[PDB]
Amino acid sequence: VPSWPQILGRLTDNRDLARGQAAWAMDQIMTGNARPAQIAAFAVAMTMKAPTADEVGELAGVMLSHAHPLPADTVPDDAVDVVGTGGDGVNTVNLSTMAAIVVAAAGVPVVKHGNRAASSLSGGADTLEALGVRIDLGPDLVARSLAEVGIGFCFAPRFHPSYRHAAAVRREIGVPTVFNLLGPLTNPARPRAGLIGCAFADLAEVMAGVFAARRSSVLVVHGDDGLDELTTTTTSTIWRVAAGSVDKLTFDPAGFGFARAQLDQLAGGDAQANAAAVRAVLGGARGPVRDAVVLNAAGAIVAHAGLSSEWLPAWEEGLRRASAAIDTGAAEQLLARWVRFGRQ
């Protein structure tokens, strides 16, 4: 029978867990039956042991079993996510949130998982909130947002109430652990595609492994400068997940005509500063930030195409649609229509 001394002892002995043990642990944590000390011990122990795809898969599986689902037949089968682990410690503009809006305006259904900042000044949820977008909608209203606007936002705490004990321990110990991976892996709407950012180069492959087990079409991205984003300051490492297999690639924006940028050119601020930065990009303003948004939006579109079916043509078409979605004003319009939807 499973117990904490058994599982913790196994992890501290640097052993992989038996099937079901990670699942048992997470379920204890989600049902409020685990002491903070046990939660912390488990989180740390698994991280230093080096999590397997199976183990992390079991953790996310439990979370999704307890998560508030969206109503049946309300999420298109080709819906995409654009979200990162966060915690790169750079405080950039909200590239995922900006990319998600552009991708939606390009005609790709987007059901975005998100959350407030943890280590940054303003996270996606914070910036969206500052734009007038509603980040408090339940399953039904998110479904309506998807249908009517083309984009929905699932605020993780709203859909994962049982995760509050784990989230508290994350806050207390501060150090990143395997828990930092679970957000991007537990979109309640369960889209089968997405552009997933990972700040931790050593854990990106594991994330990709989990998505692969689900037969998802995902690009797990880690900027070689440390961003949990497709960066423009240098190359990016992409773990391409397609047909249940992971393929490690290095991506260079220069190969698609993009100039190198400095990190301070992508720097952000508070929610109001970042909101203004969203408006600028969608407004047609050229520069480093636009390039970053277009590239990331294109990545999400590449991930989308990996569902129904190569690499260079997909990116070239992705870059086209993302740029066009901005230049026609569609992305700017979608945001406006999104804000109005909430007030209605």
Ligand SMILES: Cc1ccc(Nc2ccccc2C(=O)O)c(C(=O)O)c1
The other form holds:
2 protein chains.
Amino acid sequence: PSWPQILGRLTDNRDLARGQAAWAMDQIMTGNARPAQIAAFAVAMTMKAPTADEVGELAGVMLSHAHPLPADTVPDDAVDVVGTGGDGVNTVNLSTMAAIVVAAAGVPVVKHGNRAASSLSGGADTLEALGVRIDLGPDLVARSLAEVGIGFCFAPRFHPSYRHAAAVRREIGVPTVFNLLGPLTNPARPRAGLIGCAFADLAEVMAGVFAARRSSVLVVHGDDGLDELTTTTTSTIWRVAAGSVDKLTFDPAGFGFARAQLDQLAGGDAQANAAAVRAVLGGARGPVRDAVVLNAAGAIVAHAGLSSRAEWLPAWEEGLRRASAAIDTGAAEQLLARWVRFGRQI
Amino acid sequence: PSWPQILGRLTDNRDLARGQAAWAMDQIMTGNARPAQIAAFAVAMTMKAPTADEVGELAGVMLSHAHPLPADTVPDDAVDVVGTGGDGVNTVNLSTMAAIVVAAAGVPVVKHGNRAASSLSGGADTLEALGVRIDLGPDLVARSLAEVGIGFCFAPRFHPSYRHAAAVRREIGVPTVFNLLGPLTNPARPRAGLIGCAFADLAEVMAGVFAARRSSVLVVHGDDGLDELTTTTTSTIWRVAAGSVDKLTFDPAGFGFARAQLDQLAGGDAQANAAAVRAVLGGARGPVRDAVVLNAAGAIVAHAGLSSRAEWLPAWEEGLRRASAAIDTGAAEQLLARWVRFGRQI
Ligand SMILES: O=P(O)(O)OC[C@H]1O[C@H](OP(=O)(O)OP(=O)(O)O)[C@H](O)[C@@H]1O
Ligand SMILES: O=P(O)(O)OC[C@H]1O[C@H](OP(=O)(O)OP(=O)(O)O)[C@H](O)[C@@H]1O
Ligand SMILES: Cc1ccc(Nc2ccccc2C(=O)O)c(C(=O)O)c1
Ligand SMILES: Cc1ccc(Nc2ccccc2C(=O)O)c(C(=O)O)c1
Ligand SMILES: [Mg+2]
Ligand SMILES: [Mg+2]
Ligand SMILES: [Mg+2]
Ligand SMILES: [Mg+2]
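May I ask for the structure of the form deposited with the ligand bound now, the form deposited without the ligand having been displayed?
Zooming out: every chain and molecule, the one shown earlier first.
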């Protein structure tokens, strides 16, 4: 393989041969690619239209180089709640809030995350503001998961060899296939998740990668552009189970959710978004709570999907009940406090 | 303007707004663009499919930064003979040989050129091997033109600010819109030319740029892939005159040219290609001479087109007569000798 061969094939609007995307990502991860080559590859793959096989190869190479968690420390039913980011809406941290609520319901959560790229405060920024240790290594993330019920894998901590690609993503500024990689490369490799995708045209491809792994995931794109299940309108869901993908449209009105305005979900700096987390966990009612409960329920539905017996509507109803109860009993608020104490007691 | 705005527009498969391509190229030439940004732009523009407006903006910025020739030193009817390169067929230096013959016929030639990128010997390499100086600045190129009848503008010498783009081109290896820029950025700005394009899908766009400038040009693509008028099969010509482009198919068999095999035009290192030049100018008959005469006649037809009264078939017949006579009288051989002599006596 060579860069001229691979890049030439992409600019010819052709799918890559098996193994070529992998070779490219390996060159990138081993420090052997010039920034110009990295950028040309990211752009060319995006404009060709990436296939699930290709994106799967990219994510597979990243995972092969990532720091793993210790043997037998991640439950077979652990879930992730994470999105691509890049929706350009600057909301409160819906995935992070949902993750806390899901863990409080008793579903093990190992969340992959990072600081903000374009928004005012990303999941990692907000957790930091709440006093959570975001940059623990493999052994301590495993310990967090076992003792608290949730662990957070900071992407830069677990994927240090991606640093050159991460720099190129920032330099070019335009979204590319690389923006899909975060949700696809959780180093703990959980088999379930609620996975947000800001890019309507790339969501089916992400779903295809998860299908190949036989994960149970809901890949979600709010029809208002959110990389979350939205409350302002419908969301498109690519449901992944039994190695298959099927496309659905989801309307929260079917479960009694009132319509919100996008401005009602607006986020601020890390202190503001941390205050938003505390308000929800403290039982404040309103649009933010509704969106958190909806997303937590989605992640519980994906968890349920790890069983072949699970049915869609009963799963949502149970998920909504469990999410609401986790907040209402104080379990979610207490879990966050316990998570903060865990990090200080190490 | 910003890179995210411009690159985002290209990845959305949209034509740029007026001025955006120019802004991008100016950033590139002022040293303000990261290699990753240069690469992303070159690739995205290529895959979107560049327009003549866009490519003309890129070339316009290059020419605005280039070292120009001194005032009133380039004849209004000066012609260029130059191609994109990148046809991967590794031939003898047909444009360079044609240029010498054209000048010997009495048409002023200012040729733009560079060393090889993928072939074994490019035009500048072969001229160097022949003892011609390829390192002359604007004043001396003007003098060469006045005294010998031909001048050679070495691209790196006249476009030093392009060094960052040139580096990126080498790093990624794949052809892009940047590969069109050489024939479009002759710093002497001649109004006529025979212009080779290896990329069949970009030849019409090059023609459009010349049409905007009201040049008289033949943009040529051999149907065997040569960035020259070929002798092995037909050629496609985009004829540019009066600000208009029309596409023609050209068969040299119509003027009594035997069909050649591509093997018969193959080149070697600089020393070998120099020997091919000496052989042709010395009167050696065979397929290389045929291809040189054909391309020289093409350039003479483009020069003829600077008059609105010119007519296609008579022009070709006269161009072929003049090209053949320039060789047969010894004028071409003697012109090369005088060109070598000029540079040794500076
Ligand atoms: O700055 P942006 O590109 O818009 O990214 C917004 C955030 O969403 C993603 O994470 P995640 O979904 O884990 O965080 P969330 O809690 O904010 O949803 C991403 O890692 C950022 O943290
Ligand atoms: O290495 P490659 O990319 O194949 O390019 C072959 C040559 O063709 C172009 O020049 P030009 O047409 O001026 O010279 P020539 O046709 O006489 O070689 C290019 O600048 C190279 O010199
Ligand atoms: C999937 C993933 C993983 C890590 C990422 N970032 C980094 C990787 C290595 C070193 C530093 C960083 C960083 O973003 O600061 C990124 C990124 O920021 O694009 C994405
Ligand atoms: C149109 C044009 C002009 C100059 C070029 N190369 C250079 C430009 C500045 C400095 C050095 C070079 C070089 O190729 O050595 C190039 C190029 O090599 O791609 C193209
Ligand atoms: Mg999210
Ligand atoms: Mg989000
Ligand atoms: Mg040529
Ligand atoms: Mg050529």
